[PDB]
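Enquirer: One letter stands for each residue in the lines below.
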Amino acid sequence: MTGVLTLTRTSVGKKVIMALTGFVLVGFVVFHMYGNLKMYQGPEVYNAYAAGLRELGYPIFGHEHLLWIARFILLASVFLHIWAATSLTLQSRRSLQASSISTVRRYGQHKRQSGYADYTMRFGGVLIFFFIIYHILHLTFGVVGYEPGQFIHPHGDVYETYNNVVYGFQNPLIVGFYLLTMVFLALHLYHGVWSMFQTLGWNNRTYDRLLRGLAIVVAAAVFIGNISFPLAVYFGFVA
Amino acid sequence: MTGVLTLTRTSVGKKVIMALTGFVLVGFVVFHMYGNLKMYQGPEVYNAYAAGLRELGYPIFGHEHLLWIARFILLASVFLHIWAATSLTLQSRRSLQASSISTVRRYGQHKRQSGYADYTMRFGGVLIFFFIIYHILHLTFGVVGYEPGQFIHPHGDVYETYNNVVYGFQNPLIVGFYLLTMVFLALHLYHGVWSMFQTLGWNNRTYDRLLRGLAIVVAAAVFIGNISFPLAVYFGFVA
Amino acid sequence: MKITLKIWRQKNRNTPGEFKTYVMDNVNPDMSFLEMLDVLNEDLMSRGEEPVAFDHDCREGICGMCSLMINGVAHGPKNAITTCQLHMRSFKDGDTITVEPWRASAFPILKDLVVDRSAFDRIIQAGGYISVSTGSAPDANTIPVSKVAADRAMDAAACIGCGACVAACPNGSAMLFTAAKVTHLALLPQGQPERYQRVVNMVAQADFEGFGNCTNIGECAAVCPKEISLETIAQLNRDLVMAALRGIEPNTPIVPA
Ligand code: HEM
Ligand code: HEM
Ligand code: HEM
Ligand code: HEM
Ligand SMILES: CCCCCCCCCCCCO[C@@H]1O[C@H](CO)[C@@H](O[C@H]2O[C@H](CO)[C@@H](O)[C@H](O)[C@H]2O)[C@H](O)[C@H]1O
Ligand code: SF4
Ligand code: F3S
Ligand code: FES
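Chains as they are written, first to last, in the authors' numbering: chain I, 1 to 239; chain C, 1 to 239; chain H, 1 to 257.
If we strip away everything but chain I, and leave its shape as in the complex, we get:
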């Protein structure tokens, strides 16, 4: 009688919450990569994009209103995703502790015929969480992993994100960490884009191969772009 909050009670309801949140997060990731593609055009276009994000309909919607609304929606979605992930992972871990040879091995021999989605998805989720924290702390605020006197904060209406990026991916450790995170995110998307359509029930015999192809292409595009950025910055193609 509570209503749509009934999804909190059951495991399938948590999966549905996770699917909707995954829709929002996949949309954000695709749009973010598309916007970040502009760094190849030049520093002028990149800074214009960065400035225009805040002035999204500036005469009518005020300053930074839409960006703050989008940030709030993204935070809510991420928190719901994390909560459902942790709950479901703990529940599925409880289902195996009673009957297992060891705490690290379920069967004496087990051959999988449909992929390793659980391992990849969960480990990639944890890595993506840590990467999100570090990336926000490293490029939005510029207080970690950055030489002193090299970060230019937005001073009024002028943005220097091109300078921050070209001076950000210079330590090889940072670019390696970014590449690892992007590989795991590529696998994450490659499974989740189809999984979220199946979870909501928008799947049958006809559309299964189409959805698999859509997941493949989305994951490949995101992976290619997001590994092209820091590698190009490090090697000097983007200067």
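Honestly, the hints are just simulated from the structure, not real lab data.
One thing to keep in mind: the hints can contain errors.
[What the hints assert, rightly or not] With a straight-line cut-off of 25 Å between C-alpha atoms, the simulated DSS-like cross-links for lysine-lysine are:
(1) 147(H) / 111(I)
(2) 6(H) / 111(H)
(3) 111(I) / 111(H)
(4) 6(H) / 111(I)
[Claimed, not checked] Covered stretches of chain C (in silico footprint by chain I; criterion: 3 or more residues with CB under 8 Å from a CB of chain I, positions within the stretch not fixed):
(5) 1-9
(6) 57-64
For every residue, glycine included, the Cβ atom is placed at its ideal position computed from N, Cα and C.
Position chains C and H with the ligands against the provided structure of chain I, taking the given hints into account.
Expert: Below, chains C and H with the ligands without anything else, positioned relative to chain I:
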């Protein structure tokens, strides 16, 4: 089993394809006429509109990003429309060849009671195809219908569409061709704007007269708007 | 055929088990796996050892009592067959093969290879039926059912309750079993009046029994002996979403006696 591509197999599916394509093409025609109405304001406003087409969502999307997407959608729709029209016309020609007096007639005497839609739609479609071929080659590219040294290509970020328009409709033959094409397109819309709703099944007793009136008003508006241009340019009212 | 077997051996629930090896020198290629186990049990009894215990009633792949994990694959390496149907012409001379029970928290291990699958019965007890009493049924041809709907309902309804889907997925989820029952009851008009409650109840019961969630991996469909497809899970998800939109609340869970 294959899914939506089942519409390719039957005649009614091809008519549904034509209906959706006609929706897109009617929308484009109306929007294009509305945009071209601006040249009565003056060269400044017309050139501003032409420039702003290539810059939609300037600080979000790239240069000529939405325009190329719209161009691709228009090409896909036009190709589907042509393919379905050719297939169905050939089929209906086959249906009337075994039993028919002579070869250009069907009945010794035949009196239609519901209008000459087939002749109008088919001949207008062929004429519109040829007109589009000439139009893209006339105003967008400027390689035919021009005395040398009169068409100013878009140089950098400036546009001279007003100059090309005022130097385009000077030959009486070209303006007459435009007259004929616009008349035939007016008839085409006057039938199609209702035929699309009937073909998609969104037609009852109540909405038949409403949809017929909507078709009449759309056809008349498009006709008047698109015929006001070449006459004004030729007579010198737009200079 | 000379075959080496590694059988899981556990005395009871509390006593821990271990793997034991038995070598069989002569094996008929065309006898089924369970008959090999029977010959091994006869040899063990002759020697003076404790025979291997396993579930088997029908030996036809219909009852669903047989349940074995052979070489890491449920119901043996061949697909779309049960353990009783697995004839060992599909194995190789000198092969070493391991057999284990199902492994789940909701399927306690009772003996060497026998498990407790009463959680499936409890899942069924919480809404997996049509509440029609005897004597009140109308005439058979009162409600028409299209041939396609009846065929899909029969495809979903041919579930032998073996529990291999639970032992297939890593999460240890009974999503395929629950989805098959929900789909079978939801494709007929007689199942309409209480379907949106039904699914919710059933899902809750699974969560109450100790099963995991479904990551949409798909091992269950590849292991299932009756080719129950993933469209059943999509149908269950649609039903549960629709029930949540209606404010349907799960009832009290079915506590075991
Ligand atoms: C290596 C490729 C990437 C680069 C170069 C990059 C760069 C940036 C930059 C410069 C900003 C600040 C935007 C601005 O100041 O206007 C930003 C914001 C952000 N990035 Fe990335 N990013 C990358 C990949 C990612 C990925 C894969 C994610 C997803 C996990 C991500 C999540 C974010 C988030 C959440 C923000 C903050 C958005 C906001 O607060 O409005 N980034 N990124
Ligand atoms: C980059 C942002 C992310 C996106 C776009 C994303 C996307 C998805 C999608 C679409 C699904 C499938 C949802 C469903 O089928 O119901 C999924 C599953 C999952 N995600 Fe994420 N995810 C992201 C980040 C994370 C994070 C940060 C974690 C955890 C720390 C995580 C852990 C999981 C887990 C555990 C699952 C499977 C749940 C299960 O056990 O069944 N993901 N993800
Ligand atoms: C100016 C762009 C055009 C528009 C907006 C347009 C619009 C329409 C519409 C709305 C219909 C009725 C759809 C239906 O009832 O399913 C239609 C039918 C038709 N159009 Fe077009 N059309 C255009 C160009 C063309 C072209 C270029 C051709 C052929 C070369 C053509 C030939 C036809 C034919 C032959 C039919 C009817 C065929 C049948 O009923 O089987 N049209 N058009
Ligand atoms: C006599 C009335 C018309 C005028 C004054 C006119 C004006 C123009 C001008 C100046 C251009 C070149 C600028 C550009 O490339 O965008 C153009 C292009 C074009 N016109 Fe027209 N036009 C007329 C009729 C039509 C009609 C009725 C249609 C609809 C079928 C049409 C479809 C197009 C298309 C598709 C382009 C190319 C746009 C592009 O993809 O770049 N024109 N028009
Ligand atoms: C960044 C913010 C997010 C991180 C912090 C939150 C994550 C930490 C929580 C760990 C899990 C505890 O979360 C809690 O899980 C239990 C049991 O799994 C759920 O419990 C409920 O659902 C489960 C199955 O879904 C059933 O047993 C039953 O319906 C009910 O007990 C609670 O609804 C949830 O609140
Ligand atoms: S769904 Fe398949 S594997 Fe699961 S119990 Fe039923 S028949 Fe066995
Ligand atoms: S393999 Fe397991 S994760 Fe779900 S889809 Fe089947 S129960
Ligand atoms: S013993 Fe009955 S299904 Fe195998």
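Enquirer: It remains to establish, for every hint, whether it holds in the given structure.
Expert: Hints versus structure:
1. 147(H) / 111(I): The hint is violated at about 38 Å.
2. 6(H) / 111(H): Roughly 16 Å between the alpha carbons, so the hint for residue 6(H) and residue 111(H) holds.
3. 111(I) / 111(H): This hinted pair holds, its Cα atoms lying about 24 Å apart.
4. 6(H) / 111(I): Holds, because 16 Å separates the two Cα atoms, which is no more than 25 Å.
5. 1-9: Three-residue rule met by the stretch 1-9 of chain C, so holds; n is 3.
6. 57-64: Holds: 4 residues of the stretch 57-64 of chain C have a Cβ under 8 Å from chain I.
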